[PDB]
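Quick heads-up: it's one chain on its own, the form solved without this ligand, in structure tokens.
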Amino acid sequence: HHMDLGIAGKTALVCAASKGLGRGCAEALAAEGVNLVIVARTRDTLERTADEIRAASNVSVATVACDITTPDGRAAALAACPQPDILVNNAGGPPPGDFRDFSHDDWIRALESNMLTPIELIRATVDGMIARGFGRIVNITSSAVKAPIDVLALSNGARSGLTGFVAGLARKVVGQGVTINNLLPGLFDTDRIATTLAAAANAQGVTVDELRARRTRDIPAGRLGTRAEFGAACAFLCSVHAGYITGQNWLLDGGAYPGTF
């Protein structure tokens, strides 16, 4: 009698889910019987990922290729999934830089991608969850929310704004059967991280294996995270066993962040 998360037959809208942590979340939810609508910008990769999840599990996997940060792209995703039980917010962050070089429009784009679009997706779906007495909102943010990185001012700001908004709203809807929680990944072994690592490796003159050992040395767990274990945490939060858990900021970083809290 293994752990039954109790969400088979529910529906999840999973953002930026063709690769990486979003993909890991979709895979974990489908493995528990959750039907999916998965969103990304690029058609080809999104379709292959859907084909793989569909073949591995026994659920439907619809796809929306769109830019969810625009009004018409957001409407496209919501038309494909108008009444989700589960919403996984997720978006790429802006490139590193010095805030002296960021325009006003740079700040707006970052706030739209990593704060206002998540809030609008919650806005559009939360009343249906309330009416049905069940909802699970999981926002993929970053361990930078706990310890902001110097060169990531844009996502430091935008994701911290989402986190403060979530803290207020989570307490408002939990009594109606809807939880809202944030997952804060540290460094995870995704294709994006790998091709990023290969960028700074050829730049810093080091090998790719050498620079990987350096970033690992700063992780007490001595490894990167995997998209499977991240998806597993997402699935548990979405379960019928987690309805007393809301407004939480779960750090999945192998202990790298040094704070007591």
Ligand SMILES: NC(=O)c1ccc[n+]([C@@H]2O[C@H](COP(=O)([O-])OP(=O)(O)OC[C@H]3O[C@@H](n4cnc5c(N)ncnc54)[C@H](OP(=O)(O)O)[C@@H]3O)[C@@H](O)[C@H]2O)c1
The other form holds:
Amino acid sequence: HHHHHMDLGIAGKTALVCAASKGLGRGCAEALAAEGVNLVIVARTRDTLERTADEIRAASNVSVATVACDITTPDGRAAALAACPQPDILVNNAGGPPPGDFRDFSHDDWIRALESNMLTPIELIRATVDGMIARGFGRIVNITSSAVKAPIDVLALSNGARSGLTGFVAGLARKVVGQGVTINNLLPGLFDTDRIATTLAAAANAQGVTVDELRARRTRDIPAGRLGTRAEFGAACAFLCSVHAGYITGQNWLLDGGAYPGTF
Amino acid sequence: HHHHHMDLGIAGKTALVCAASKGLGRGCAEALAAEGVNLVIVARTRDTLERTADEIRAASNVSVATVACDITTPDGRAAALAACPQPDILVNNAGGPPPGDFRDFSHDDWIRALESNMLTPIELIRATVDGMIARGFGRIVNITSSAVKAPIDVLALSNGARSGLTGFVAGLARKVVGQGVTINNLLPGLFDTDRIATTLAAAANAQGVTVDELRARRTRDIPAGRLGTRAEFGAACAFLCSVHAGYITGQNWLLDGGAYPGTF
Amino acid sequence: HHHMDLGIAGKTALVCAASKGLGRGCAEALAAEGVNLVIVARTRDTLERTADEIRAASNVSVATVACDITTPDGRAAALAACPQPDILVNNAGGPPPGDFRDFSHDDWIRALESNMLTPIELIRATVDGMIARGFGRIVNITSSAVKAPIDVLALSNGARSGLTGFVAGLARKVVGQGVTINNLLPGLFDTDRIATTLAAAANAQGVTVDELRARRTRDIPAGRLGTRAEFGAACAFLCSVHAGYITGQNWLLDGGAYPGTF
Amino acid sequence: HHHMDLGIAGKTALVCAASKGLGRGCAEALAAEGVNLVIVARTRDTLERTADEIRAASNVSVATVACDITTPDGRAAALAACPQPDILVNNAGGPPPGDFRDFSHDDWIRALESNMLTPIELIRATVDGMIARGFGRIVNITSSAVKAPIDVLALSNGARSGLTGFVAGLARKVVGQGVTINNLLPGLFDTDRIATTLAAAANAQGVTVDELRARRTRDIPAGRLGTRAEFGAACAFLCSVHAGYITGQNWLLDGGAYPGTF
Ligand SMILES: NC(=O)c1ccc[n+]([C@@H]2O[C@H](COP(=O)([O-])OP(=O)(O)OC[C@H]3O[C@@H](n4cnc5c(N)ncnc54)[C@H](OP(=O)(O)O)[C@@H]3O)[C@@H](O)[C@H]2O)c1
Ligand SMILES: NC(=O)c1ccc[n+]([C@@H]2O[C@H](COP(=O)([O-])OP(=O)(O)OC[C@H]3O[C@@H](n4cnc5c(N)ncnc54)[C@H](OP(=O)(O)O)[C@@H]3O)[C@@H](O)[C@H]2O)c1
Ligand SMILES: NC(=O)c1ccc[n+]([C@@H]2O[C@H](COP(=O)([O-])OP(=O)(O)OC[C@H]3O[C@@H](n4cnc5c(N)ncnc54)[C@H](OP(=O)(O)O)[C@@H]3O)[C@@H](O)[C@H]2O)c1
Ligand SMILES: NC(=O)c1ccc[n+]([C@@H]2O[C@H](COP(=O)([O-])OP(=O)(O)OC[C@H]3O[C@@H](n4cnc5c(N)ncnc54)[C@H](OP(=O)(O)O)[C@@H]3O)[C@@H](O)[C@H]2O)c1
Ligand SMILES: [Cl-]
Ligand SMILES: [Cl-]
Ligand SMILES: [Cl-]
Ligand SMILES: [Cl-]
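Switching conditions: you have the form solved without this ligand, so give me the form solved in complex with this ligand.
Time for the whole complex; same chain goes first.
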């Protein structure tokens, strides 16, 4: 007795997955490859990026192309679009800004954060949405942050840039959904990525605590009692990119184990 | 070259799907049956309910049991729980309250709406959540309404009862997610169900317009330019019920084609 | 200086559940702006004392209704004393905390009656007169838990969220006729009830009252509890002729404790 | 009657972009409560006239700074005139409407500079003094579009939402030191700019001004546009000593037009 399970309907489509050699972006890449989506993946570090592409090719039956570039620069965006001029799916992602107190920031800190986490996604949407509209199908997913719903004092630069992206997305989403293009944001709370692990160990050593003690501290503030996985993050991305999600647009899906306490 | 696609991981589990011989509830039932979930489906009208169960059995490889009862009464809830004492998945649903002006309502109108669309789901959660916790897995999905986010003047009884359910769910969701139980709400905007079609035709005849003219009027207020399908509603339900959604809880997923204009 | 004239002197306000705490703060602030009052509470001697104090401090009239506002006969008593209010402040005691697995159907109905249907019915009874006169101000005291429900407050989370969704729909319907409906959502305010509850939970836990107060206050970014005076001041502003473009609002007075952007 | 004393007589407010419209309404309302003002705008003759009018009506001092507040030298001019404000009202002109497919990178940067980074930098320059004095009130004029973005307002949707998320984080950090940071979100207010814009879009479309006004007003449940006086009254209330438990709030003054519950 075999069960049909869920065919997301997007085999043969193409996705441009930004910032995706590791972490959540890689989780989205893998989940889309398993649905038969051909990939162009972007990251800055060439040897890690090509290793990830090797591995996804082995693990899936799709094509994978790589672009080694800084997606937050004009030249990097041009290189990504040269390699993937007409994506059906765009996953926006880039490294987040540094923590600190805004009184200690220079103006250029704001500009860099706005470029990386707001204007870069907007520009890649600008560059790709008309082809999606012309084909009657498009899926744009922006990786943002649970901080959009509950800003953290020390993350001023992210609170601002990502809330700016979110406000822009809300307006555009309603304009293009009738042409078959959806635009939605995935808001991760704390996910078990290598970057998070590296940061945790540095923070433990700076406080004098063991890594286990600091891990437990973070987890106690998450009702789910665990960190998120890049796999379940990628699964939600793949569902938003599916033919079953064409009525869902401008949404901000919070994947945070219950941590944020608001009703909405 | 066959693609893995998405295995929701819930084959062999059991779902109690309320109010599910037709419409959105039937859409959830079918989507769960395709993932290999055995069903107990509830509705009041026996012959329609048994026809739906016949059809789902033919269409899927799962078992389907029926309970013909009014789920908004104590006896009906008891009959549903006798038939499905330990569900892994609970889909809460029931008919919505009548439209009108609250100045014309009697007290009993409020009580009936609160019973049907708030206390009935709470009681079925009360009756089933401890077994979910004991097994380390539970998925509760409540069908509510886009009105929760943007209340309509003439839907006072739904605005109130469903917002009450939503507030209760937000608090409980954070309490049980660490035990493997999630509780989330699906907020439909306008979906193409037989009830909606019947209501539209009555409204057209009461206004003197053709059905096509009234259909178009409603659609012009939906940016997606179409009504929702019970299939895509069921797909979102199945994804929330999957092993890929254990980090998602207390959320209010709006499936409305962009119609509600808020950022959040 | 031309200080702020809220323009409501000589209007009449029905202030529910207002011999003490936040309701009393609303009554004091409205009387200070010249509003004649009818104040409701169950316990006669506290009610009369509070009325006497307000009347002596403000020279408005202050009628009292000793009744349980969450019952139909109580609402009839209150409406008989104030059949045509310009201003209605909805308020009543809150439901008991606990685990929803231990709440009966009747517990749910009591909470819904007290904190959702009672305000709806008082609005139902008074709004058409406000409309007819081209002015009305309805303020519902709810709870910061409407924005961030706590698991132990299931009954409040449900009933007050229901009121909040109802209010959202009605507010838009009547604002063009000069009636606004807004909710005030208190976080922790230093009412005598809260103070007594703290001192009991202190001596119960074996810590002092000051120790428990510090624990509560650590979770409030403003570093203090709210005062009934500032709660009443916000209510008076909503009631003013300056607030007729403000409706369906949920003003959080919680010292920044709720973390959400919205 | 003891009318409402907001307790801010003799404080000093820096009011940005305030020779006309909502900023002017804020300045008028604060002066009426005894607050000394420094008001900023670009055009000298309008700025002086508005200052003269406020000074004559309120007997506070009203200094003027003729500058473009969205440039670094403009901010330096404003801060030189008002280095230690108790109250800061952030405001500037809004960005142009249009299709984001036609906006350049520089268009985005101009909007972000004008409606997000300018207020952040003015907060950055003034908040530590507020903290040191144990009192501060920061009010940011944003837009009802922050709650419901319009596709033609992409630049505003982005920049003002960014400011709003930044403010949410900072508000909780400083409220314990007596500083509140809140946003006022206007829906359609009858400022002379709006009126002129309407009369041009009227004669352009071939309809009269009254016809276009009726079309706009049909979509506002309150049935009217807002007034700068009531906008300024809300700003003054937030600035008061009664509003120290209110921070990080986004008060929608839009006559009920926005349909959301929250
Ligand atoms: N993980 C969480 O708990 C969490 C929570 C909230 C928000 N977020 C946000 O989500 C995003 C992803 O986080 P993550 O933990 O998955 O990060 P990650 O583990 O560090 O992965 C980032 C990936 O993007 C690439 N990349 C980074 N900056 C890039 C750039 N300018 N151009 C091109 N590729 C770039 C990195 O490779 P190269 O370094 O080789 O370029 C790597 O492949 C970040 O913006 C983060 O702030 C994450
Ligand atoms: N469809 C939309 O556009 C839309 C939008 C917003 C909200 N909603 C809400 O979503 C829910 C589902 O709507 P729908 O359009 O799918 O409704 P539907 O097409 O009428 O289906 C309702 C189903 O539930 C059963 N049912 C109704 N009341 C019941 C009760 N007391 N006990 C047991 N079974 C019951 C009905 O069969 P019997 O009559 O035989 O019992 C039928 O199987 C409603 O609460 C509705 O108000 C729907
Ligand atoms: N203070 C806070 O921190 C806070 C925070 C969140 C929510 N709230 C909610 O705000 C409301 C007011 O709280 P509070 O602290 O001001 O309470 P309070 O100090 O206990 O004052 C309650 C007032 O209402 C009267 N009252 C209570 N139930 C009544 C009824 N059924 N009929 C008529 N009068 C009634 C009481 O007098 P009698 O007993 O003589 O009738 C008293 O005058 C409550 O619902 C509470 O749950 C308060
Ligand atoms: N009124 C509404 O319906 C409404 C609704 C939503 C949002 N908003 C936003 O609220 C703000 C105020 O709107 P309003 O209608 O009050 O505008 P207004 O009537 O045009 O007033 C703008 C005031 O700011 C000054 N100003 C503008 N840009 C400036 C700059 N760069 N530096 C210094 N002063 C500057 C103007 O004088 P100068 O030109 O001489 O400098 C004038 O005194 C705008 O950002 C607008 O987009 C307003
Ligand atoms: Cl830490
Ligand atoms: Cl209609
Ligand atoms: Cl405690
Ligand atoms: Cl127009």
